[PDB]
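Novice: Below are the chains, spelled out letter by letter.
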Amino acid sequence: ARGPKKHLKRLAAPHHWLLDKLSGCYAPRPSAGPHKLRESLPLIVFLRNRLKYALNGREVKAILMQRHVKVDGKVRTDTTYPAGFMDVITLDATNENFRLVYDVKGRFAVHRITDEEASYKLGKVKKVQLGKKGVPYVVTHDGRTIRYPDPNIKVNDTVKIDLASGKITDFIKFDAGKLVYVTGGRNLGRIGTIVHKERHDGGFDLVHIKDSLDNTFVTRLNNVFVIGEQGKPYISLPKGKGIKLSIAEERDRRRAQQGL
Amino acid sequence: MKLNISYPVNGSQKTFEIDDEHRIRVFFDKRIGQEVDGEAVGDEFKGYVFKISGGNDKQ
Amino acid sequence: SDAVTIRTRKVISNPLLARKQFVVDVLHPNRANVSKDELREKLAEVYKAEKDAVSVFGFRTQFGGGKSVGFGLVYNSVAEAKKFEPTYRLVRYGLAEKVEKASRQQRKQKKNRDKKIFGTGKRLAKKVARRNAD
RNA sequence: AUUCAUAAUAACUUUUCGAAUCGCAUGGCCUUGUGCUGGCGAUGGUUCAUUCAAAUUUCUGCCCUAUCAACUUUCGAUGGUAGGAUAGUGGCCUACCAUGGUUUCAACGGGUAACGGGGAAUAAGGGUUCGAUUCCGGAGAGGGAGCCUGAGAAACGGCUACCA
RNA sequence: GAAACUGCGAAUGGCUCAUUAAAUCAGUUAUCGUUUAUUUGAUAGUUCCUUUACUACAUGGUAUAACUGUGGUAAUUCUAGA
Ligand SMILES: [Mg+2]
Ligand SMILES: [Mg+2]
Ligand SMILES: [Mg+2]
Ligand SMILES: [Mg+2]
Ligand SMILES: [Mg+2]
Ligand SMILES: [Mg+2]
Ligand SMILES: [Mg+2]
Ligand SMILES: [Mg+2]
Ligand SMILES: [Mg+2]
Ligand SMILES: [Mg+2]
Ligand SMILES: [Mg+2]
Ligand SMILES: [Mg+2]
Ligand SMILES: [Mg+2]
Ligand SMILES: [Mg+2]
Ligand SMILES: [Mg+2]
Ligand SMILES: [Mg+2]
Ligand SMILES: [Mg+2]
Ligand SMILES: [Mg+2]
Ligand SMILES: [Mg+2]
Ligand SMILES: [Mg+2]
Ligand SMILES: [Mg+2]
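Going line by line, the protein sequences match chains A, B and C.
Using my numbering, the letters of the first sequence correspond one by one to residues 1 to 260.
Using my numbering, the letters of the second sequence correspond one by one to residues 1 to 59.
Using my numbering, the letters of the third sequence correspond one by one to residues 1 to 134.
Hints are computed from structural coordinates only; laboratory data are not their basis.
Where hints are given, some of them may not hold.
Claimed, not checked - If we take Cβ atoms under 8 angstroms as the criterion, some of the chain A residues that face chain C in the derived model are: (1) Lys-52; (2) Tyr-53; (3) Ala-62; (4) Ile-63; (5) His-68; (6) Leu-91; (7) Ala-93; (8) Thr-94; (9) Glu-116.
As the list claims (entries may be wrong) - A few chain A positions that, by computed beta-carbon distances, are all more than 10 angstroms from chain C: (10) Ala-54; (11) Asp-115; (12) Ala-256.
Cβ atoms here follow ideal geometry from the backbone N, Cα and C, with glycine treated the same way.
Given only the sequences and the hints, what does the whole structure look like? Please build it.
Specialist: What follows is the structure in structure tokens.
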């Protein structure tokens, strides 16, 4: 239908945003950016619906135009700028740092992180090509291009990125038994190691995953984001540590903490 | 008809109303661009050369 | 006029908009809701910032009498309220003038008439003044 | 999985891009030229990537109808070669050549008071009936066709023509 | 800071359900079959010339709006000459 679509009917908004049904009609439409529409968290959402700092959308523009919020090191002044998983959000005033990273219910969690950890990030390398003039580059899931990576770096490995500089400072191969964050599907949010990879030439390798409760599940490759070693993550995980409990187990927890 | 005359050396302009189809007749079949000597149109205009540049019809 | 009691719950210090924001939970026995002027006049003398930098609204009084719950903001300065407050709110208080204008559709009609003209206009006044001879 | 990414040779081109732009601050440096340097960020720019897209596209799934049995090539129907055209595959179009393609497992034709879907109504179950209509997709702007601009329209609160 | 030029937008949105029966649409695929403003991240030492009497780079060309002024038509977001 003639061109790029520019609105987003609330209800067609992604659910992991947790917008309410009524009160309005539209949701914010994620600008183009580093993260895909449906796997993103627009600044407006974060500054108002999670952090509760703004009440209006009007006050989000107001907060932002004073260059208070800055993403992955840089300032950013787009109301509906597409923030995403692994990105780092900073409020210099209020001396606060955040990393965008998932729940166990598949949502973006509000997660305070320390000032130092707040100055690097992880990137799934999405493709590694030979670029013009023979210079090899990598591309990470958030759409950074990095020239001259390590020759050992291949697609699906994760990558530790400065932020202050453009450069890579470390990487982790996609191997049997490396800490993994699941980014997509039902098991979105779950975390756990890797048992083994199903191959399937010509479409969708499967990655068999086990967590630190000896619980097992599967996802398409695509949805698997290496993030360290059994034990050693390379970033701090949210409380819950991506383990997922039955509705029973979660009931019992919630009604175990009961006596005021 | 009405004449709209400009002296573009002085950036001046003023209009002249010519009745008598005989004096008017000098401009007929002359196009835009074509030059037109003056005396024919008026005895004031003797000497003058006019370039036809455009104009309007009725309506 | 019966003790009242202004309670402030769920409180957030909000630097990036220069204000402290909170719920205002007013118990008012034998006093049918308290009013907003009273609530800024009082909350001022609580958050040490003076009335005309305190903003308050929301407020519906509880079913069956007794209580109203609203929302409050207190700016670090009156310079900061007057610049981070919605302008209708400043109007309610007396810190800004309702600069009222033509009807919304009187305005539109002026816009559309104005679209018929190309250039300043006054050229068209004089040319149309010539018409007053034909 | 490639004639892939990338590079090398010989040339080609009515030669694409390679900053004659704008805002803040005015500082260093010595051979004292108003010399030579130089801060923060705007707008632009070619190529690649990314993001918002688009366009085509594989597999399977539609209501009634035989008082519709053969259908398809007129003036492409089905395939092959080459080209042309396209953003690009492709009978998309053209030229040559061949005679193919679908069908009782219902083609083809007709009807639909037919936009499709998420869904709605009815509660033993199996079902029956409905969905113009809050969300997704498609299509249209009185009817047809054509097209300008532009990244994107065969656009109608754009233009052009014919009809009403 | 009017007007006007330049840039961007007017292809979103909103409405309707006429057409449409392998079409659309759904679920599922493919691009090793293409275009892609924008957002984001990368990306440019080469431009002249038989290569000493040398090319504006301390920066090359006009032609136009608005405007001024002379006009036309019953008449429109008509517009002509200077
Ligand atoms: Mg937006
Ligand atoms: Mg594939
Ligand atoms: Mg208005
Ligand atoms: Mg105007
Ligand atoms: Mg090649
Ligand atoms: Mg100086
Ligand atoms: Mg019959
Ligand atoms: Mg052929
Ligand atoms: Mg035959
Ligand atoms: Mg039958
Ligand atoms: Mg119909
Ligand atoms: Mg139906
Ligand atoms: Mg429907
Ligand atoms: Mg109908
Ligand atoms: Mg249309
Ligand atoms: Mg009608
Ligand atoms: Mg016809
Ligand atoms: Mg049309
Ligand atoms: Mg329209
Ligand atoms: Mg629409
Ligand atoms: Mg010229």
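Novice: Could you check the structure against the hints above and give me the numbers of any it violates, in ascending order?
Specialist: 9, 10
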